[PDB]
Structure formats: structure tokens, C-alpha cells
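*Asks:* Residues per chain are reported as follows:
There are 2 protein chains.
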Amino acid sequence: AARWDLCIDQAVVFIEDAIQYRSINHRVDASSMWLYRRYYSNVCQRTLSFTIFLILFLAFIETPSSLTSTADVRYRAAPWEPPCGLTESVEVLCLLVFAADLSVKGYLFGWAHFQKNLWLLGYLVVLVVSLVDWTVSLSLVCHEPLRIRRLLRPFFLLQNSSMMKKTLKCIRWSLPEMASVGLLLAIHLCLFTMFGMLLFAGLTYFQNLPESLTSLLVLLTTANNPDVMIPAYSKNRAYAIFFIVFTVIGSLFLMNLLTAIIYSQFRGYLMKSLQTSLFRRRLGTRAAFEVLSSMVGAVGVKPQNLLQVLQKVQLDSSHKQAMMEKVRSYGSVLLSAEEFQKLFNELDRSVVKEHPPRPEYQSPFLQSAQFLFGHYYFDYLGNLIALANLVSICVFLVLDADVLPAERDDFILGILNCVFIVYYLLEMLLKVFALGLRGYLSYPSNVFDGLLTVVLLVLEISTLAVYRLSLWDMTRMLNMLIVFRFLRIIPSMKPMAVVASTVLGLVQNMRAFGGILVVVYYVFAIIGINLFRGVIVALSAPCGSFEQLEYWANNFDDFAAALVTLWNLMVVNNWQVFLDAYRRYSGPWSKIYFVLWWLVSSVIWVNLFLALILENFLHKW
Amino acid sequence: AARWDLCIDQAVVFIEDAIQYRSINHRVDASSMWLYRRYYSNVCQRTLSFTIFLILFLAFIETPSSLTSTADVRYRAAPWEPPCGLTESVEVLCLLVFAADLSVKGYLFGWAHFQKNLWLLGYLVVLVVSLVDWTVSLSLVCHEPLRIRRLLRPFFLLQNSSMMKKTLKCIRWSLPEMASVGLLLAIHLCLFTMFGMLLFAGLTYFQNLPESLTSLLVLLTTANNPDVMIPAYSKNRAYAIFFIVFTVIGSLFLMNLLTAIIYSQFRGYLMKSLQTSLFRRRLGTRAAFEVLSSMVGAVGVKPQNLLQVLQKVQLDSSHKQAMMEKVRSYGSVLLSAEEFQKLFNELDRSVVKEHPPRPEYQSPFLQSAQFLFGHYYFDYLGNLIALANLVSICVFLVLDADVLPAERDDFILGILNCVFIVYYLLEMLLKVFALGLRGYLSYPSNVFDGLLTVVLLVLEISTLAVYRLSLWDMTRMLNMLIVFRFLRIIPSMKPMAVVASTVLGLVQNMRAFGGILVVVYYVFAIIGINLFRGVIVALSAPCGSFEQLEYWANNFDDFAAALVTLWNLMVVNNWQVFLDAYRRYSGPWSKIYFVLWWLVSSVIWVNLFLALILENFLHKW
Ligand SMILES: CCCCCCCC(=O)OC[C@H](COP(=O)(O)O[C@@H]1[C@H](O)[C@H](OP(=O)(O)O)[C@@H](O)[C@H](OP(=O)(O)O)[C@H]1O)OC(=O)CCCCCCC
Ligand SMILES: CCCCCCCC(=O)OC[C@H](COP(=O)(O)O[C@@H]1[C@H](O)[C@H](OP(=O)(O)O)[C@@H](O)[C@H](OP(=O)(O)O)[C@H]1O)OC(=O)CCCCCCC
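Listed in order, the protein sequences are those of chains A and B.
Quick note, the first sequence lines up with residues 39 to 240, 252 to 346, 354 to 525, 539 to 608, 620 to 701 if you use UniProt numbering.
Quick note, the second sequence lines up with residues 39 to 240, 252 to 346, 354 to 525, 539 to 608, 620 to 701 if you use UniProt numbering.
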């Protein structure tokens, strides 16, 4: 009856879930399995992965606008303030796509599963309180600067991906073991300020208690390492032993225990979670076996239906072709459950595909050429001339600088460059014969090479059309692309190839743990906008201050300058100066914001991002 | 005959070599085994370990002398130049102790073993060329500044210790696998200077090729991270993406691959060498079995001689007592070789020793007290009052600063401090009754506590004798010791105890890999003296230069200021300024010295020192 195909559609959903590591917890009906295949297709999810990009992009356009060519305070125009209809209009279109998504994700699962899963409760309460905020931002007037719904926008990014859920749970089970050091770092920082204030009371860095605390917090990351030593080391030579002992205990040892203790528990709890992701793979092969053995209602499956199921599944070609021969390889056997999971080990075989070389209408001139050009020396001799073009730019660049920069001689550089553009033209025209245009475009290193020979050919005739011999600007862009062209020797050489190829593999694991950085920037910038928006005005400074250096571009006026001021605080150089500005301009209690940013960004996250990659880099050798 | 005791003295030397991991490769005679026990005793080797400290200490006294209270150039006196007899006289006494050491180490081993061992050849040629240099430094006159024998002085430190030999071999088998990145870091640094010079040619950091190279080398370690961005980011907002991409590739990723690749091969080759050190331990038990089984000339040993051999060996008490009962535990058994190495597994048992509490002549008042004081709460309530004394200093220190620092009120702090000195007096006088003076001095935490109660008692009556109520200076040293006293809560608390106790265990492994830092400082300081000795003279500066900041104390005039200028270069903050000074003062070719110092100190050594400790810290949990 109708139980034949219903067992089949119960089997296609399980084996496709067995590929992409999703939990087998559904409300399996006839109609829902039509809905399930459409939601996890690459046409519906590529709009959900597109609209999350749009709402985070909407911070570039809102009323503290960032569409200005500069970012100074001394000279910048007014940014184009948009009319306040179109700002909030594109928000509500991108919220009525998540209003469909929560209803689909909730209908496909049980209501009992809904009440136990705390993400979907959090996906609910965030969606409602944003919808109340969209009313009140329209209802009174479009003049409220404080937009609370802008803070909740990274929650839609964390809800989508299934690995940023895992590593956020993973950080929570490592911070309780941090407290044996975070207490130990506090007593070390608190004893040295009282011991520091008594020694130099018989320099202006220690004439106060909150200054001497904030001057040893800066020394803890060595951001002012000679400057805090000088007026006490010049007085007596033995006072340098106070600051030598402090940086050895605190900066070199205690700050590095905070890295190693957090990571060694981060490695333990993560591998337990990634072990769970492998468990759902073997359950999908297991759950497919139960319904297909129930098609009879020995202990096995009839191979006649097994042609039909792997025909319908979404896969590659050779992954489908090897499976379709092996199900044809048997007759009337009853494929057991261990034999069923003997079958699906094919999915971990990396495959290679290449196109055949092209012949011509003639024999003898054809065969003599591809014996030479395919020997991987023709793109080795092309590497040497790429170095020959690069040194001529360097020879040009060290003789003009001894003269005024008005470029007395440009003709010599032009008549050597145009020869090399003819040379780069011959590499494209010859190799397309040696491999065929479908084969020459198949290798991705030649796509990077073949594209740049086109743009150099376009630009060289362009400057020769106007100037038969902006002309300094036109020959400037020509030489920049040649230095960009020199990157081709990185995949070509033998030792540089494997270090490039492994990092290209780790981009499929950078997608998860790099996505948290977008969450941490987005929270601190909007809070950073709503605290220091217009607190810097520019209307003879001391030589070390925020004003003597021309640091006016590191404001917090708009979302594009907030993501650069927060960048120069992640690298921890010279952040004694921002604590001098944003204390003198916006009160002494602003230092809790920057100290919290130094704890989240440059201590916890950056080390745990690089330890996660550079372990997985060397593990893959 | 005389073969009885000769087999015995052949057995004492092997089992003592089985304890301290020395190779069983000797010229075993009758007379040499008298010499061998004296050379590896703790009375001869504690002079060899003392005279190596002396020659490195002699750099503090030689003719660029470092006996000056300050280290400026603006104001310092002439250092006391010693008469040139006594400088070179103490050197030759410390060279005629190594002239005995090479002859003893060579006579005890074979001449065939001498020719194959390259350390003893290096110990020879260094010893001779220093002896020629001691003549020529005396023979013409004591006026040659260049002392080549001062460079060779760390070789006597590397020759003595048997683990700095191992890790120096270990670094050599990791640098060949560095070259896949050191080439990759060079092309990345060389492409960005030509691409950088063309973009800003349509700021003064890029108007030259050697300046733009040395300005991106500084950016590679983020020592000038906002300062190099400013004049191009204020011009146009999109130019910040040039410096964001550069620090992500180079500073955060490529500089960290240089740490992880070197360490992951440093971990591999070191554990192979430490495995070899365990191999000599089981050979010493094996080589002792062969001679004692040859005392018969079943398959075993007679236990009658085995009382005599472990009686003569140098060991501890319980390590000797447990062995002396087990050899007495058997009768006429023939102890086999596996039974012989069944015996010597006792040497890996950490032992505890404690002294009994002391009673008095009376029963009832005695028993009521030690039920209370030994409950580890009496030194918990002592921790709270130590926090109560510390907060009163903090309450004092935040109210004087709002006034002028002439200390209007000191009487209030004095009449609370003297109460706490009586309180700290009662902790010593009561606990010495509760445990006995031999037991109270047995625990090392009470030695640190009991000593500071004496010095506070000495100082408190001292300021009260002169001043019945320098007096600000006398009450200053009193409050400093109280903050020093607060360190006692670190071993007392539960979570802080295990993090303190493990690092105290790692000092017996810090002795090896920390000794290389003394070699790297000693080479670069003497070279640093002989290149920039008197090249800084002080006779309105730009606001960012070496002269506006008062950096005059970071000279290279003497060996004590060289070890501080090299310290502020190991921490890599503000070393753009030294490259501005020591290029403008001593030629542009001095930058090879500082760049080589940044490669050896703050890239290779510091990371490999901390990765070696903080792995072994967390491995011991
Ligand atoms: C904003 C108003 C309230 C909203 C707050 C929302 C907070 C919230 O619901 O999370 C609950 C879940 C727990 O619930 P839980 O369900 O366990 O969280 C994960 C998801 O279920 C995930 O399901 P998939 O999406 O299908 O992958 C599963 O794979 C993971 O298991 P695994 O580890 O074996 O891989 C779970 O760890 O995770 C937390 O425990 C939060 C800890 C956050 C750490 C903070 C770091 C500072
Ligand atoms: C100055 C004029 C010339 C003098 C130069 C002297 C250079 C020199 O003789 O060393 C030879 C030995 C090789 O000879 P080698 O004997 O193998 O060096 C070690 C010692 O014998 C050591 O003997 P003990 O003292 O009894 O402990 C032994 O334990 C180690 O084995 P192990 O690894 O299994 O623990 C050996 O690695 O070690 C080098 O291979 C030098 C590499 C230096 C790396 C430089 C780093 C940049």
C-alpha cells in the first residue's frame, strides 16, 4: 500500500542526516518530510545565511553614519543622514524571515523538545523584544539615539551555526578553573601598588593610588616598559630590580598561565563535544537500517530498494557511482547492519579530477611541445622572470629617492616593463595550446596567473594610447600588479606548497571559531558608540599626550571608526594613551570599559583562536 | 686475595653512578676509584660550581667599571678604576682550577674516549686561547680595551652542567625545519615594502627604502601599531585595510608559526634525550650485578656482601634503612638480575618527616590548648588580621594624597600599628608552646612568619626609643615589611597552595634551561660594550625622540647597564626609539645587532623557555 514509499522517504531523510551531522529527532509525517528537504537545501539556507549578513551590515548605514571618506574630527563633512523610513524598513523585512524560521524549526520538532531546548527559548525572547523595540523606535519619533535592538543582532548569527553553539558552551566550562589564577593575579597586582607607593615617597607616576594602580596594570602587559622605569632608575641604579621582578612574575609568567590553563581545559571539553558530532553520523546509518529491515513487515535488507534510496539522495558523482556499483555488486543477499555500515565508509575518500590534454590535426609538431611544457620547469622559468621583473622595480625605487621625487627618469622603466608584458603574454598563449583551454582553466593556479596577464595587457595599451611617449598614476598601478603577480611562486615551490595547502584546508574550520570575533566586535562597538559618541572635540600639547600625536581618527562616532579603534586596542601597544584621553574627556569611570575589552579580546579570545588553529595546523602534518 | 675488596669498590662506584645518571665508561683501576669518589663528591664540586660564579662576576669589576650609584650620562661620577694587577690576577687563579679539571676529567676517561668527545676538545681549545689572551693582556700593557677572553667565559658554564649540553644539541635539530617559514616570512616582508612605497607616493615613514623596510619590521612585532597608521588613515579611511591585513598575516599568524613549529620539534628531540638519561639508571643496576655475580669466581649474588655495599654508599636515611632491612629479609637466596632490579625501585618514594609535639610538667592546662591551635584555624584567623593590618595602610594612603604629602597626621597610624605588633608577638609565643620550638621551626612556613615578627619587634622599639611621641623614613620601612608579611596567605589557602607547591618543584628543572639565558646575556653585553661604549654624549628635542624622553640611562658603558638595556629590548616595547638613537649616533649598520638580539631573545628563547615550563607545570597536575 502507501507504506512502501513512506518507508522510502523515511530512509532518504536519515541517510542525508547521516552526512551533515544532524540529530535524528523529528516528528516524522508524510507532509513534514516534504518540508524537511526544502529547509535543509542549499537554496533556502543560502537566503538565511544572506539575511544574517544584511542586518549586521545595517550598522554601517544608521544615523551615526559611516559614509565619510575620512574619520578625523579636525576636518570631515557631515555624513549623509538617511531619511528615517528606510533605515527601520529593511530591518522588519529581515525580522519577518526569522519569524518564519522559528515557526518552521518549532513545527518540525516536538513541543516537548521545544521546552527543553534553551536556544529556541532564547531565539524566541530575543525576537519578541526586538519587535517591541522596532515599534517604539517608530512610534514616538525617529530621534531616540539609544537602540537596544542593535545589541541583540549577533544572537541571530549564533543561532544559525551549529559549531559556535558548541564552543560557547565550551568556554563556560573552563572559566571556573581560571579563578585559582585570577585571584592570584589580583593579590600580586594589589601588593605591588602599596609596596610601590612607599618606595618612591622619600616621580609623578606614583603620587596617587588610582594612578599607581593603573600604571602597574599597563606595565602588566608591557605597554610602557621603559617609560615607567626611567625617573626611578636614573635616581639610583638598584631601583630597576623592582620592575625587573614585577614583569617576570606578572607579565611573563602569570599572564601566560592564564593562557595555558584556559586552553588546556578548552581542549578537553571541545574534543568531548566533537566526539558527539561523530556519534550522530553512525546513528544515521543505524536509523536507516531499522525502517528498511521493516520493509519486510533473514535479518537484513532487500537490495532492490537500496538502488532506489541512494539514487534519490543528494551527493557527489563518484560518491554516488561507487555506491551504485556496490549495491549492484550483490544479488539476493540480506545485508546485515554491520554490512550496512561496512558500506558507508566510502564517504571519507578525497577525490581528484583532471581534464585530458588537447590534440591538433597534425602529429609531429604537436608531440614535440607537450614533452617540454608539462615538465613543471616552464612555470619554474616563469618564476625566475617574475623575480627578474621584481628586482627592476627595486633598482628603480632606490635611485629616485636620492633625487627629488619628481621622477626625472621614467622612460627606462617603461621600455623594460613592456618587454615583460609581451613575455607574460606568451605564457598564456603557449600554455593554452599545451593543455587545452578547458584544462588550462582547470588548474586554479593558472586562473590566478591568467587573469593578471589580461589586466596587465589592458592597462599597458591604455597608457600607450593616451601617452605615445595621471601618467605617473597610470604607471603606478602597473607596477603594483606586478608585485601582486609575484604571489604565484608560493604554490609553485616545493617547501612553500604544503604550508599553503594546509592553511587552505583550515578555512573550513576557521568559519566557526572566527565567527565569535564578529560577535565580540559587534557588542563592544555599539556600547562603545553609546558611551563616547561626541566626547572628542578639536578646537601646543604635552609631547606624550593624545593631542601631540595626531590620534584624532580613533574616535567612536560611527560604526566604521569603532571597528578600527577597537583594533588598535586588541593589539596592546600604546593603550596607555587612550586611558589618558578617555579619562580626561569622559570621566574616570570609563576605564572599566577598556579593561574589560583587554580581558575579552587580547587575553581570552586571541590566544584561544590561535591555539585552536596552530594546534590543528601541526596536527595535520 | 685482593680481588675481594676490588670487586666491592667496583660495585660502590656503579650503584652511585646508578643514582645520579652518569655513564659507565671508566678506566677502572685500584687507585682511580679513590680519585673518582672525591671528584664527584659535594665538597669538590661545590668549589667548581663556585668558581664559575666568580669569573662571570668579574665582568662587574673590569675597567669599564659598574660601581656607580646611577647610570646616567648627564650626571655620574667616575667609577673606581681598579689597579690593573688585581683584575687579571683573580682570573688566572680561576683558570688554574679548570686546568686541574680538564686533566682530571681526561685522566679518568680513555684517550680514545677523549678524541671522540667534542666537548673536551672544545674545553681544551677555549682553555688555551684564554691563556694566550691572559699573557697579551699583561705583556704589552694594561691598556687594550678589547678583551677576547671575556667572550669565552660562558663556555665554562656550559661544560659543567649535563643538561645544558642536551638542550643545546636539541635546538640544533629544530632550526632546519624553521626554514620553511623563515623564507616565507622574508617574502611577506619584502613584497609589502615595494607595495607600500607605491601606495603613499601620490608620510615620512615611507619616503625611502631602508626606512620603509625598518618601519614594517617594527610593525611586525606591533611596537608602533597606531603611529604608523595615522598619516595615511587620516587621509582616506580605506588605507587602514593595508595595515589590518599586514598584522593579521605577519604579527598574529606568521610570528606564531615560528613559535609552534620550533617548539613541536623541540619537544620531540628533547624527550628522546631525556629517555637516554633514564637508560643509564638501569645500566648502573645492571653493571653492579655482573661484578657481584663474579664474586663467586645458581645465577645470583651472595647476600652477605650486599650488606657491605649498600652500607658504604652515599644516600639518605630511610633510603638506606629500607634497603638494609630488605637485604636482611633474605637468608641464603641467590638474588637474580630481575630480583636485583626488583630491589632498587625504592628510590622513587617521596618521604615525609615531622617532629612530635612537646608536653609540660602538668596534664590539664596542657591538653586543652593543642586541641584548639592545631586545627589550622589559628593560622586562618591570623590571615584575617593580616588583611586587617593591610587595609589600614590602604585607608591611610588614600587620605594623605588629597592633602600635600607633608603627612599632617601620623599618630593615628602609629597607635594602630603597635597594637598589631603585640598581636604578631602573641602568634610566635603561643605557637611555640603548642608545637615545641623544634617542631615550630620544622615547618618552613613558620620560619618565614617567625622571622618577620622578630624584625618588626626590633624596628618598633627602635623608632619608639628615639621618638617617644628620619622618623618618616623609619615608619616607612615598618609598613613595607607588613605588606611583605602578607605573602603568608599564599601557602595557607586551599586553592593557592597547589599552584605554589608545583612551581617550587620546577625550580629543580629551571636550573638547566634558565642557564642558557646567562649565556645569551653574557655574549651580547660584551659585544654590546665593545660597539657602543662611549657613543652617547649629553651636552629642545623632537617630542618622540630618544632625547625628549629621558632615556639616557640605557647606555652601554658598563656591564651593569648593559644587562638593563638588553632587558628593555627583550620586552619589545618602544624599541623603535633605540633604532632611532643607535642609528643617528653610531652609523646605520648597527641595526644588525638589535635585530639579531630580537631573533635570539624575544622570539626563540623566551617562548621556548615558557613553553618548556608551562607544559611541565600542567603535566604535573
Ligand atoms: C539572552 C537571553 C537568554 C539567552 C541565553 C541563551 C543561552 C542558552 O540558551 O544556551 C544554552 C545551551 C545549553 O543547551 P544545549 O542544547 O546543550 O547547547 C548546545 C545545543 O543543543 C547544541 O544543539 P545543536 O544546535 O543541534 O548543535 C548541541 O549540539 C550542544 O551539544 P554538544 O556540546 O555536545 O555539541 C549543546 O551544548 O548552551 C549553554 O549552556 C549556554 C552557555 C553560554 C556560555 C556563555 C559564555 C560567556
Ligand atoms: C668554540 C670552538 C668549538 C667548540 C664548539 C663545541 C661544540 C661541541 O663540541 O658540541 C658537540 C656535541 C655533540 O657531541 P655529544 O657528546 O653527543 O653532546 C652531548 C654530550 O655527550 C652529552 O654527554 P654528557 O656531558 O655526559 O651528558 C650527552 O649526554 C648528549 O647526549 P644526549 O643528547 O642523548 O643527552 C650529547 O648530545 O654537541 C653538539 O652537537 C654541538 C651543537 C651546538 C649547538 C649550537 C646551537 C646554536
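Incorrect hints may appear among the rest.
[What the hints assert, rightly or not] Straight-line distance between alpha carbons at most 35 Å, and here's what the computed DSBU-like set of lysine-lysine pairs gives:
id, chain 1, residue 1, chain 2, residue 2
1, B, 398, B, 409
2, A, 207, B, 358
3, A, 671, B, 398
4, A, 284, A, 207
5, B, 671, A, 204
6, B, 563, B, 700
7, A, 700, B, 409
8, A, 671, B, 563
9, A, 563, B, 321
10, B, 358, B, 203
11, B, 376, B, 700
12, B, 207, A, 204
13, B, 321, A, 321
14, B, 563, A, 700
15, B, 700, A, 700
16, B, 398, B, 368
17, A, 563, B, 700
18, B, 143, A, 321
19, B, 398, B, 671
20, B, 204, A, 700
21, B, 671, A, 563
22, B, 207, A, 207
23, A, 563, A, 207
24, A, 321, B, 700
25, B, 204, A, 563
26, A, 321, A, 203
[To be verified] Beyond 10 Å from chain A on every Cβ pair, some chain B residues (computed):
id, residue
27, 227
28, 274
29, 364
30, 393
31, 434
32, 446
33, 486
34, 545
35, 553
36, 631
37, 648
38, 670
Read the hints as simulated data drawn from the structure, not as lab findings.
Beta carbons are placed, not taken as given, at the ideal position from N, Cα and C, and that holds for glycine.
*Asks:* Are the hints correct? Go through all of them and say.
*Replies:* Hints and how they fare:
1. B:398 with B:409: holds (26 Å)
2. A:207 with B:358: This hinted pair is violated, its Cα atoms lying about 65 Å apart.
3. A:671 with B:398: Violated, at about 64 Å.
4. A:284 with A:207: Distance of about 52 Å is beyond 35 Å: violated.
5. B:671 with A:204: violated (48 Å)
6. B:563 with B:700: With Cα atoms ~18 Å apart, residue 563 of chain B and residue 700 of chain B stay inside 35 Å; holds.
7. A:700 with B:409: Given that 35 Å is the threshold and the Cα spacing comes to 50 Å, the pair is violated.
8. A:671 with B:563: With Cα atoms ~32 Å apart, residue 671 of chain A and residue 563 of chain B stay inside 35 Å; holds.
9. A:563 with B:321: Satisfied, since the Cα-Cα distance of roughly 29 Å is no more than 35 Å.
10. B:358 with B:203: violated (40 Å)
11. B:376 with B:700: holds (28 Å)
12. B:207 with A:204: violated (43 Å)
13. B:321 with A:321: Within the cut-off at roughly 31 Å; holds.
14. B:563 with A:700: violated (41 Å)
15. B:700 with A:700: holds (27 Å)
16. B:398 with B:368: holds (20 Å)
17. A:563 with B:700: It is violated: about 41 Å lies between the C-alpha atoms, which goes past 35 Å.
18. B:143 with A:321: Status violated; Cα separation ~55 Å.
19. B:398 with B:671: violated (61 Å)
20. B:204 with A:700: holds (29 Å)
21. B:671 with A:563: holds (32 Å)
22. B:207 with A:207: Since the Cα atoms of residue 207 of chain B and residue 207 of chain A sit roughly 43 Å apart, the hinted pair is violated (cutoff 35 Å).
23. A:563 with A:207: Violated, at roughly 41 Å.
24. A:321 with B:700: Since the Cα atoms of residue 321 of chain A and residue 700 of chain B sit roughly 22 Å apart, the hinted pair holds (cutoff 35 Å).
25. B:204 with A:563: holds (32 Å)
26. A:321 with A:203: holds (14 Å)
27. 227: holds (13 Å)
28. 274: The claim breaks: residue 274 of chain B does not keep its Cβ more than 10 Å from every Cβ of chain A (closest is about 4 Å).
29. 364: Answer for residue 364 of chain B: holds, closest chain A Cβ roughly 49 Å.
30. 393: holds (42 Å)
31. 434: Non-interface label stands for residue 434 of chain B: nearest chain A Cβ at 22 Å, farther than 10 Å.
32. 446: Non-interface label fails for residue 446 of chain B: nearest chain A Cβ at 7 Å, not farther than 10 Å.
33. 486: About 27 Å separates residue 486 of chain B from the closest Cβ of chain A, which puts it past 10 Å; holds.
34. 545: Residue 545 of chain B is in fact no farther than 10 Å from some Cβ atom of chain A, at 6 Å.
35. 553: Per Cβ check, residue 553 of chain B is inside 10 Å of chain A; nearest 8 Å; violated.
36. 631: Answer for residue 631 of chain B: violated, closest chain A Cβ roughly 7 Å.
37. 648: Residue 648 of chain B is in fact no farther than 10 Å from some Cβ atom of chain A, at 5 Å.
38. 670: Consistent with the label, residue 670 of chain B stays out of reach of chain A, its closest Cβ about 19 Å off (over 10 Å).
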